[PDB]
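Okay, here we've got a single chain as structure tokens, the form deposited without the named molecule, with questions on binding and movement later.
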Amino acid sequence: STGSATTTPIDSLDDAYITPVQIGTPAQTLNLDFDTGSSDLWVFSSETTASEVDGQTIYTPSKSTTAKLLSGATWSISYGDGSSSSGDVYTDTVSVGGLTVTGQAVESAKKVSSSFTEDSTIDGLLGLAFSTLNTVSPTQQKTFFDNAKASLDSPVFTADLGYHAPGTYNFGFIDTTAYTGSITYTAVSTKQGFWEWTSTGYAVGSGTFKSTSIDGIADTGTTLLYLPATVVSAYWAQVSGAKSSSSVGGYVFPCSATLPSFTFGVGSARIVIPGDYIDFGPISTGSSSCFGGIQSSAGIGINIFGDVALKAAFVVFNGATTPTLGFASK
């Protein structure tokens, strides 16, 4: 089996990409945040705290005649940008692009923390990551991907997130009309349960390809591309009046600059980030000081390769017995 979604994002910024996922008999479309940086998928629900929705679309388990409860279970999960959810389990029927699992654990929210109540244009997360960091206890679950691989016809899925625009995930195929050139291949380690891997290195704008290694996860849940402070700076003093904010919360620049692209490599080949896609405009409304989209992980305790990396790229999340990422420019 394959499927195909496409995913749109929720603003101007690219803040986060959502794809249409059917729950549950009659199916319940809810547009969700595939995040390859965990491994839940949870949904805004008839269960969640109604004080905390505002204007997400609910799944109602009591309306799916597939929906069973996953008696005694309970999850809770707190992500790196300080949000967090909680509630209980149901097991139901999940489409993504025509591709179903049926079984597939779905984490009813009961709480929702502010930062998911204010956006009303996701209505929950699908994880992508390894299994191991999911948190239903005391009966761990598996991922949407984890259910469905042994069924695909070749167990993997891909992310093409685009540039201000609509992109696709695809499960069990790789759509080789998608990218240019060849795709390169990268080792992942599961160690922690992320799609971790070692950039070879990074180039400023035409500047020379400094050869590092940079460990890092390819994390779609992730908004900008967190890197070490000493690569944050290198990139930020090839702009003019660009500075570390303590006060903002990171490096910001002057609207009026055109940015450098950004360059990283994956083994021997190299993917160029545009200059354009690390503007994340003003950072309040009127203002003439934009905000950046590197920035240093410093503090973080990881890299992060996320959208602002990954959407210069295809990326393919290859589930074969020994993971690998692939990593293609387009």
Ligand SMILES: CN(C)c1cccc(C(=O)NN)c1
The other form holds:
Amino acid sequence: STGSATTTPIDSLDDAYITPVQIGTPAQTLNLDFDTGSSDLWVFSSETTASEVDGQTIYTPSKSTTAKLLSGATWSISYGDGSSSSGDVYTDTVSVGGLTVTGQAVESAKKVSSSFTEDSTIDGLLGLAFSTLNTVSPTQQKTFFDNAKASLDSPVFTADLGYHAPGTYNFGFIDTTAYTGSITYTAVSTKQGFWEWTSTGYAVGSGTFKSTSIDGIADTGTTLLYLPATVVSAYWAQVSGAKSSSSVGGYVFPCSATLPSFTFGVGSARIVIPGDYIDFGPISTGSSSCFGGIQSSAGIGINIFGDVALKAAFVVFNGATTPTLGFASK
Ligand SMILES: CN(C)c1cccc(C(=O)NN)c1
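Switch from the form deposited without the named molecule to the form solved in complex with the named molecule and give that structure.
Every chain and every other molecule in the complex is listed next, the one we just looked at coming first.
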């Protein structure tokens, strides 16, 4: 089997992407944030505290003839941005882009933190990291990908995120029309439960490539590119007036600037992030100070190849017995 679903930016800045997902019988379609940096499929639901729901579409398990309470199971998760959610668990039928999994754990939120409530466009998350990170207790549950894998034509999914435009998540096949040149594959460590890999270095604008190992994670659920302070300083030093602002919470730059590109290495290959991808707009409405899309990972403990980086590439998440990651230009 295979599946193919379009993923759409939630706003003009590409802060996140939503992908429609069918849950239950008859189908209830919710727009989920596909997150390669976590491993829980959770949804706003009929069980979510009413004051914490503001415009989201909810899953109502009592209206699904295939929903079954997973007795005794609870979940609770907190993300890198400080947000969180928790609740209980059903199994139900879940389909993405024509690919169907029966008996998928659908984690029903009883509580969500304010940032979830405040974002009406995201109805929940669909985790695509390794199932070892799944938070369901006392019996850990498998991701949608993990459940689907054996049925897939090839044990892979791909992320093709758009810049200010829709893109695609495919399951079970590599669309050879969706990228240019060849796909360069690189080793993955699953030790921390992430799609963790080592970039071979970077360049700023038309500058020379610096060969240096940068360990980080491919994380579709993180907006920005978070890299070591040395690398980030080298980037922003090429932008007149750019500075790190502790009050704002990162590098800012004059909105009048034209940003340089940023290149990262994948083996001997190179992925170029155009300068415009690194512009996250005014820090507050009407400001002439703009927020940068490349930020330091120093306060995080891990480097994160988030959407800013990933949307410059066609990315293969290879879930074969020894997982790997592939990157192509597009
Ligand atoms: C340390 N934490 C929780 C962490 C680290 C790195 C990534 C994430 C995540 O949720 N990504 N979508 C979370």
